[PDB]
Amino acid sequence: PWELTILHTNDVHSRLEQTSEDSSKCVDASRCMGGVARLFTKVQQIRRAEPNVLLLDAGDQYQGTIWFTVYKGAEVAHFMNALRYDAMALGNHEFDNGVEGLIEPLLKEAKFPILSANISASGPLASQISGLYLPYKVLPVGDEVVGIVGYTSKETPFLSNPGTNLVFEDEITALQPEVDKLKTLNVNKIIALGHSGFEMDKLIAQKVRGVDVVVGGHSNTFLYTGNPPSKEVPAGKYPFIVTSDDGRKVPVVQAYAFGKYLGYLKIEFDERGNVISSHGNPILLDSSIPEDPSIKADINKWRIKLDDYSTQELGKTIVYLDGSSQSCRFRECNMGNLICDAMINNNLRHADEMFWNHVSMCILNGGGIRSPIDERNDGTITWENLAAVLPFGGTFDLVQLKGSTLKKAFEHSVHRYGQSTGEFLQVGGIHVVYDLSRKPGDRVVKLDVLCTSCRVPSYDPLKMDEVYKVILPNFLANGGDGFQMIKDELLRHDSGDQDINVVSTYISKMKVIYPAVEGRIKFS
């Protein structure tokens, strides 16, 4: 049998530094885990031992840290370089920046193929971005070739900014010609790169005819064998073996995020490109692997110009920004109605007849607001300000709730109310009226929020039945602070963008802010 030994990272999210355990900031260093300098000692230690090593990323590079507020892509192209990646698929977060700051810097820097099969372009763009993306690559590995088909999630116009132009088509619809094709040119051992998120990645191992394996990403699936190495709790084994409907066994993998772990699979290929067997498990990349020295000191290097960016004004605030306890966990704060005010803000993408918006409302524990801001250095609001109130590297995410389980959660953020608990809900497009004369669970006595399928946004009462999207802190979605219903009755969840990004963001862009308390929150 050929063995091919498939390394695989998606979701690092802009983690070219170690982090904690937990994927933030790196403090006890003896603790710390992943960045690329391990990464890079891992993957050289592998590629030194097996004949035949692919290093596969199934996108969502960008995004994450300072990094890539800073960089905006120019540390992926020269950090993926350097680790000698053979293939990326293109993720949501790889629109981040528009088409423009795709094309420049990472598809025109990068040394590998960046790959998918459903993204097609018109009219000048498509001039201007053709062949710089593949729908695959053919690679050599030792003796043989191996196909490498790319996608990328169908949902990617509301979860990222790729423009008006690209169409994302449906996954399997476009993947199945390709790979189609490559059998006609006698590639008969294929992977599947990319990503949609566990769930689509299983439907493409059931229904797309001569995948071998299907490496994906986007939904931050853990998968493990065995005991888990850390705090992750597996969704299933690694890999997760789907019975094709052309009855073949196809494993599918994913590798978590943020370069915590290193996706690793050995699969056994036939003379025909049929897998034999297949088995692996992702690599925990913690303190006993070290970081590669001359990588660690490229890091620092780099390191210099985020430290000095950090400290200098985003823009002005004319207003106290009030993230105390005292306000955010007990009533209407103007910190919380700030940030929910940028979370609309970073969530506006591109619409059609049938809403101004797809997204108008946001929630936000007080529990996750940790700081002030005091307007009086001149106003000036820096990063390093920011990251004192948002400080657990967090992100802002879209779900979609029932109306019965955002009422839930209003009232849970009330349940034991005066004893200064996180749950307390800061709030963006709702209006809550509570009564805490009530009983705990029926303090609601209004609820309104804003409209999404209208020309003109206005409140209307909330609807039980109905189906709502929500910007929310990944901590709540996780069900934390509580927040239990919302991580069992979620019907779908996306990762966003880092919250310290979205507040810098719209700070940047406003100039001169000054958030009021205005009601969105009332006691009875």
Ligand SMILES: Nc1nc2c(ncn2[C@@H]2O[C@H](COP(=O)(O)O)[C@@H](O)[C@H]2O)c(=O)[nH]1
Given for the second form:
Protein chains: 2
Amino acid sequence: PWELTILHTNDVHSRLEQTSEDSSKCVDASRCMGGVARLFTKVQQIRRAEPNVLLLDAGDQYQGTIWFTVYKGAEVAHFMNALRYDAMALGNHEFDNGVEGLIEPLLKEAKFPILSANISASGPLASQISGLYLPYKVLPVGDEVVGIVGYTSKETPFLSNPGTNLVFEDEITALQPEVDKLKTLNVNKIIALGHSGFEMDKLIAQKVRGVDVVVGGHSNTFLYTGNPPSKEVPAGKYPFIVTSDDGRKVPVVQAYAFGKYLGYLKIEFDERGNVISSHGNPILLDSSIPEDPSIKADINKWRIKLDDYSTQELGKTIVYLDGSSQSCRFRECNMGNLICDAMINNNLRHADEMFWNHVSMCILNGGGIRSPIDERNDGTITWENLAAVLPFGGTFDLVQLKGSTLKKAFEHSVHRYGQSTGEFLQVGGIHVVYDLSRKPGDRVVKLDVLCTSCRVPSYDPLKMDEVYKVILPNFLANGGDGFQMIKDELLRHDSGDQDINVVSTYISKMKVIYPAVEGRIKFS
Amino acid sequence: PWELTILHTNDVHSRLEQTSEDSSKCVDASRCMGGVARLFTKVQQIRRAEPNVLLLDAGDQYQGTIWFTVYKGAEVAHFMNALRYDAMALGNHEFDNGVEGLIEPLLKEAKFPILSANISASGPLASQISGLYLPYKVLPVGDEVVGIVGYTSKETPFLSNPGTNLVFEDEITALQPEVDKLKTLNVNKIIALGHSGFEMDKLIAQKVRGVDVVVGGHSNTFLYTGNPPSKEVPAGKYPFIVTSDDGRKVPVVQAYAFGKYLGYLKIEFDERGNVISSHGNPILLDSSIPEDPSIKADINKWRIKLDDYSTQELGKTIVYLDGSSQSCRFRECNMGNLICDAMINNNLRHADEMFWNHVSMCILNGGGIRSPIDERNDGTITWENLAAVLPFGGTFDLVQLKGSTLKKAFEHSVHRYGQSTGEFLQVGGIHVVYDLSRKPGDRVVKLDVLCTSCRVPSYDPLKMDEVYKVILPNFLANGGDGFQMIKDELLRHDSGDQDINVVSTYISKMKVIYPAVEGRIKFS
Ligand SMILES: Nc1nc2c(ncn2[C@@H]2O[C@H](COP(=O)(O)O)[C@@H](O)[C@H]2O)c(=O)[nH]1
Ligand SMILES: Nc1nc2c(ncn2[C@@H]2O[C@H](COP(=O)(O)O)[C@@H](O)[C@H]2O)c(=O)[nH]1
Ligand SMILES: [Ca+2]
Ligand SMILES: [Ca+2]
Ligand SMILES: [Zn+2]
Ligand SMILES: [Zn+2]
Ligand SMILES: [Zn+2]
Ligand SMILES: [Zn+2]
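Return the structure block for the form deposited with ligand G bound; the form deposited without ligand G was the one displayed.
All chains and molecules follow, beginning with the one already shown.
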């Protein structure tokens, strides 16, 4: 039997440096985790011990910290090249800076193949990008070969900025003929590496004949066999076994997100490329693993430009930005309005004739707003200033919520009003009126929302059975601040852009801001 | 006696081409007026006939039409040079593109002196601008000399974009010592040429000892002796005689605006430079005066780049821009909101610690909105598109109105509601609620306005005795659409930027717009 060790990462999201346990800024170095210098140590150890190793990434290196803001993917090519990745699939966030921001910094500079079988280009773009990403690559591994076939979320156009010259095909439709072709070329060991989420990964394992292993991402899915090593709760066993339509057992793996874990799967193959066995587990990259000194020194050299950028003017405010708890946990606050307006601006994506934009609505817990910004520093706003407002290292995510769910969220917003608690919601594209004289759970007396399926945006009453797209912090999507109804009732969740980065981009675009308090939230 | 002919223009405001009677686009060429080619003909005729002629401009050549949008003052230097102006005073609108947009295109390229005695620079700007404008110039005229001393509105910082490195001094304070100095230099014939308005011009004539003649501007003041030649109603005789504090009779002149008239004043001086007599009248530049063919051919060559620019993309909309009468004469319309938001953005000026901005409020007659813009031309918005929305060649002016006046305007807005009449007001920085079941004059049931004297903009009830700054069309400032209360009760009026140009700049800054209908106007 021929044994292959698959090492894999996904959704690293710009965590070049080691992190806290929750993947935010490292504060207590002795308890920090992940980062590329530590990953290097572990990958190097494994490659000393195991003859046949592939190191794969299932996409979404782009977006997540100031590294991406400043280096715009140059850091991804540089550090993934230093770690000698063997292949990467395109994720949705690889399109955040458009096609041009993918071609240059990543596709031209990577020393490994970049894969996606389900993305096609037309017009001049097709000639410009031809061969810079591939449907698959056949890689030599010892005396054998392994085909790796890529895929990317069909939903990328709603979740990034790929432009109108790329088409994202159904994954299974695109993958089957490539896997078929590899069979005709005597490639009997096939890994599907891609970025569509655990649910699609299981359908691929089930339906794509000839796929031996699925290495996925996008859904930040933690899988584990045994007692978990940290705070992440497993969604299932590692690997997750799918029984394929042709009767095979196909392992499906993912490795959470943020470079906290290294995925590690050992596969035994027979001489015909059938999987005989698969086992493994992600490896927690905790402080017991040293950071590689050479990689760490290069990280610290690249950090200089980050420190320089963090104090540069992004733009100006002519108004006090009231991020005080005394405002933002009690009433509409102009910092809340600014951040929600930045969230909606970030989620402007290419529109059908069926909507002016796919999403119009925003909610933001006032407890997530951690500082005001004073306008009397000649109006300057810096990244450092925004990092005081938004210090948790979160994202602004896209969810789909029934109106009934959102009305329950707005009741939760004021259920214990008057105690300076974090759950009070700031808004965009929503007008709410509370009557605090009513019983908790019955305080919302008007709730109007900005239409999407309309040529002129206007407000209509919220409908209980309608499903709304809403931009909100990951903290709330995950049921933080007691918003269990959001976690338990949401119909869709996709992780979005770094919180600070969303606001910094909007302020840079606007150049001079003057957000008002304007009656998005009223009390009767 | 030594006779001087003073020819003068003021507030030409980018009317390079001949105009309609109302100074808008020329439609019936046989009835058109003004323009630089016609002015050239008349000035050339006068210079053949009169030995001692000065041609003066009292400022505000900048701003008014697409000429200024595209050529940014190069057209002013070029055509004023072709007409051989002898001197120009700086107006407020010469600062619309900042100090840099004055130095380059106008101060460096003009072949005549540019004057202002009451503007001082500090820091590096002082060295950069030194001598590029002057307090005064002594000009040879035949065998004599005439001193011309300039001045500019002290209010320029509220009415343009001069920046924080220029100080505008009290006119009379600055002028007196310059006029004194010219006396010590044996210059006994002194013209004050400047841009502060008729009321300040009369104070200058009264109080500045040694000024023989005041040639003014800014207030678009029409003065005439006799039966007026066109639709402009004279504010007084031409010249307007002020009795000075030293007992002299000092003529004060102005020549309306928009190049419609050439001011023409004949002064007789004795050998000591005392005015013995003054007489004249502005000359209506009507179609009986031919356009100079050489100037007209140069105008038509410069027009090519205007035509090219008029169809270029300024920016995009992802929403239908509803400028329909069925919306904008009956309820809040998103085109109205866009134009009002552009008006407020245009009037962001350098703020004290006493206000976030000096003005927060906007009203716009819905009858002044003349077209929608469809978003389905790939979202493109062109100048040509904006010219269909705003076809009247007006300005967005700054006024000061008591709250009582503004409440009366909002009653007038709905006095005969339901007939698709033009007076219905679109708004910015104002939230109004009507109850149309009430009697005309008593339909406004809530009227809240955005604060200025506040660090966080928020809405407060309108106060009847408070004076508010409001941006509004010149048509309304002048009492159009039956808004006689605005004309009759306003405390201040200053002419602002060209309507199309205000909106085009805002759309270019924003790049992608999506104005909503959001409850600025409601009905109970
Ligand atoms: N986004 C986000 N907000 C958080 C997080 N932890 C706490 N919060 C917010 O901070 C509040 C607690 O703040 P105080 O300790 O200041 O009261 C919570 O109610 C919540 O609104 C986090 O990890 N992410
Ligand atoms: N700004 C401005 N609006 C005007 C002018 N003349 C008319 N209007 C507007 O057009 C309306 C008349 O339009 P109708 O003819 O389309 O009904 C007036 O009520 C007024 O609102 C003008 O010279 N300038
Ligand atoms: Ca196989
Ligand atoms: Ca004199
Ligand atoms: Zn991701
Ligand atoms: Zn993803
Ligand atoms: Zn003017
Ligand atoms: Zn002026």
